[PDB]
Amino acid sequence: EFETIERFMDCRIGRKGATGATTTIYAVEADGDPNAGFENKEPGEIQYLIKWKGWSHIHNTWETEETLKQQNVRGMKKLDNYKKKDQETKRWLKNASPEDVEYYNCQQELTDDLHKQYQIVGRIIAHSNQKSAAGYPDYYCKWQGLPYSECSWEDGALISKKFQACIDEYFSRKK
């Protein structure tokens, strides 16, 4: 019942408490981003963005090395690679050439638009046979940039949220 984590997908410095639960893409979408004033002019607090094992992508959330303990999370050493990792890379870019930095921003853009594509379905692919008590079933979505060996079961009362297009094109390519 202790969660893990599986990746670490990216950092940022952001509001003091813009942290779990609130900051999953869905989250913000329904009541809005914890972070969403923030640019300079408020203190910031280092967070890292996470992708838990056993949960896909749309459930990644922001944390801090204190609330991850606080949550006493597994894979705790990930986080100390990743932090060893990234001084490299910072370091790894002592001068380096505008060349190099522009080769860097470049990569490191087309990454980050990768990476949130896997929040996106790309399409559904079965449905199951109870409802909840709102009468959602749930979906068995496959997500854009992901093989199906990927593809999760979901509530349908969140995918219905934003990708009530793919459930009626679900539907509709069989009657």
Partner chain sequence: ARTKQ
Contents of the next structure:
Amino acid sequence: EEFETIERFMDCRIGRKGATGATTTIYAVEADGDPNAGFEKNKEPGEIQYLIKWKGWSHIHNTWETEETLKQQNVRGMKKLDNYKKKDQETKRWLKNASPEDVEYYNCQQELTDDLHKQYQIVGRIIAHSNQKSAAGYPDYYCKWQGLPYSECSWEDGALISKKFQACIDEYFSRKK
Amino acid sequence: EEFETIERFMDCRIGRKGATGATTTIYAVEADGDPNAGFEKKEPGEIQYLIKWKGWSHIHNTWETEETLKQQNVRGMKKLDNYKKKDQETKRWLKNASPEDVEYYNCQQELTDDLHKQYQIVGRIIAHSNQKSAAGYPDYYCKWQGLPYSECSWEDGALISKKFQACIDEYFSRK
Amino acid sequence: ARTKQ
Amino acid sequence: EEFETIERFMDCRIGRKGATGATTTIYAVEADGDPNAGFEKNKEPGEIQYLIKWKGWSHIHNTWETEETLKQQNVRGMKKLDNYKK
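Okay, that is the form solved without its partner chain; can I get the form solved in complex with its partner chain now?
What follows is the entire complex, opening with the chain shown before.
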């Protein structure tokens, strides 16, 4: 409690300046547009940003951040930024002069894992709901995440889940509430 | 020296007392037998957890008990409490889970567990060091199956060749 | 439940 | 048409205060949602609760209770409580 904690670095990119924070969650983007929309890194120019999996928040809540925003919000786990950068550099140096095949394998694997990670934000199954309900009549939902074991299930705001997973919600009640 | 620290809880089981620690890594098992082999239920049990360590690749996971953990001063104990109530939460739910929910739960845990085993498999060697083992081996930068390049790690030579020699020989193709 | 408001 | 009786203590937990009784049955939870949904100790008022298997009722009727709830309902088998507390 009392400050957020970096749990894992999921990705890295150069995007528009200021396209970080809450407005970068997949649901914020789906509901209000990607603040990094139409960013042709080609004439802009951007800044180094990192996609963060936060401690205690499901992958649906991942946000893009910079070394600066991280520091600004006094997040814990900053040491992980240093390791990530060093590992990243090591990886670059070791792939410096690498056969086309080596580059081939690398790009392939990175896509496999990139896709895998995207599934972590998709509800595979609703498992239960809350007795309490929001003022708007939404109960929270216990979600099973695609690609992750049941130990990663988490309760999620009903309104949020309904905006994209109304099907899972419907099927949940259909198998008899 | 000083201390190891818990990163993730990969699993838990009821296993032979004393069947924890270094001798429980896949390569320890593979080289000297499994301390929990033929555990019976005719013998005293013990709740054990499969730990992923910060700074070590999955190949190095070991089973541990709440006790061996605290008897080593491991960091991250707080996570143990979360995993615990989490586990009981799913055990309670399991007691009344509809048959079709149980089935789904089982198929999904199968996949999950298989994915996890891949992490201990070398998918390709990316580089090696010049320094050689006190006679014999150089270390290898390994790209693990199922995991992104950000998780590549340097591993003791020999320890890798004892199982992924093929991947090592392949690597050798500057020519 | 909490969201990134 | 008298008192209910505890046949066995099945489980124990720290849960949202008030998350006990009838709304705690497996069928109530499945129909109206779990009253203990997303609870977290020290993040809100919690209580020690015990999962109770009732005499004369299959396990689907089991309910979470507090020493206080057991007492004001006048259930028999309170000795079960004492023993469990150790």
